[PDB]
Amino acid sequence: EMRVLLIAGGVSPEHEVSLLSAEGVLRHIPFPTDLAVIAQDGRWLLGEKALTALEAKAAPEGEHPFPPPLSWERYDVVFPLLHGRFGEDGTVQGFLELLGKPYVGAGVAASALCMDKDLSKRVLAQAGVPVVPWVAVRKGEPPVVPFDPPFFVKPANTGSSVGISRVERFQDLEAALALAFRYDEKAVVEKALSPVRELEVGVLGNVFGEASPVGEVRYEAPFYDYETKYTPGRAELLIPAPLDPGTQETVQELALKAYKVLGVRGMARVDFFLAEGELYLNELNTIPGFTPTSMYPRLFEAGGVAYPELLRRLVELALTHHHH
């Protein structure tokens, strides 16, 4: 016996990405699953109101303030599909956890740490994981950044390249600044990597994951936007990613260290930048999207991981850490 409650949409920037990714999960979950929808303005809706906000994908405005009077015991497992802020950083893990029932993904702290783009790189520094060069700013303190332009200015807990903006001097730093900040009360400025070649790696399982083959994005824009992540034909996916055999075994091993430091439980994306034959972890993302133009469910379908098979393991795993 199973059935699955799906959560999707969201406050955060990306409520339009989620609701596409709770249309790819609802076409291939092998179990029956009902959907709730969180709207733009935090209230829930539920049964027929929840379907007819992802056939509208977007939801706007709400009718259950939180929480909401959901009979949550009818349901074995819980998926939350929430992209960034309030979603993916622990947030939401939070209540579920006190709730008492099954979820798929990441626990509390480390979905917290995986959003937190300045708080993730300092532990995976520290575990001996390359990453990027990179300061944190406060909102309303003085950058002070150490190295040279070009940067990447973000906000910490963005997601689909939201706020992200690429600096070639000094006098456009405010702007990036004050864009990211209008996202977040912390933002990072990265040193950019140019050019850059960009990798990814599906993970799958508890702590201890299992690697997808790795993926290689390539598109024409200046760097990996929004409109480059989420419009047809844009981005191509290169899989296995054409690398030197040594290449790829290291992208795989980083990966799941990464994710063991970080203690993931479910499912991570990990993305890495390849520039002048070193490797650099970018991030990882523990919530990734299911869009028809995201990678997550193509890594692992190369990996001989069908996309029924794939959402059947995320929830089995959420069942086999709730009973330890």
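Residue numbers count along the first chain shown, from 1. Compared with the form deposited in another entry:
- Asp89 lies in the same rigid part as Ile38 when the motion between these two forms is split into two rigid parts.
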Second form
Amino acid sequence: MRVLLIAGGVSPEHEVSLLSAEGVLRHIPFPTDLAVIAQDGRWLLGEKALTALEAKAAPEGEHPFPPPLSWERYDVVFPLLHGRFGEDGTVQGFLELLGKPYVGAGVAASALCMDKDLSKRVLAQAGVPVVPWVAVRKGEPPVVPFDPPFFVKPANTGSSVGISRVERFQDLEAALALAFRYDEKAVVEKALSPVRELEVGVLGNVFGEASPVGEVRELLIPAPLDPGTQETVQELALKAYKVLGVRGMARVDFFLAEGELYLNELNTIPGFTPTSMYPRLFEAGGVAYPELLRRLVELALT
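Having seen the form deposited in one PDB entry, can you show the form deposited in another entry?
No partners, no molecules, just the chain.
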């Protein structure tokens, strides 16, 4: 059972992608070689990939995509890439055409969870509560039916680049301009204030099991929630996970404001440093970090 791990990436989260790879390699129970996508698109293989990892960065690669990798040697690919060209279904489509079982969500689930607009429409239709939002498409002036403060975001960029907290309606045009530099579609979310940020991990194919609830202030595991709020968070995570058809894993971020929950975002490739939120959430749930990785590889083969 040979496992391929892909890390790095062209996204602004290339640095944290290599840090997550360093953690998986140490504790993954399977033989695992490392391949790295440098920040210029070209890949690094072999010991050249290990060289990029021990340096925590890789600004330039050697082989253009697709690389001369021996895909038949591996049974599972672990795409540990964050954001565009990682969590958006492009890599997953290349792997589906390779015929390789891989860790994480499929093409549809990755692309949908990546789109902050289309994911909310699916969830809102399935009864899952989400933050009030409106999509704005480039060239089309916006109709925002709610008052500031807003969050203006590119719908498919991720990595929090191009996001604007908008306090005045007159600042909206400049916020959409900044977002449209990264995507053709933008979202305008009602900023909840004050608000608590809750995160929960899911593990499984479609029908998943929820981790304990965490809270971001440091990370409080378990979060100090009343027992009814805690169950509803885990219930809404598993429901969204099911409706969207996520496979492998997801970190489901929620907002809690005035006793009301709002699903914010599903992250299909969360941080995976032994100190990141997703693996620590399942630690407190009784799933050891190496055991978490075995479950991820085994779920790919099913």
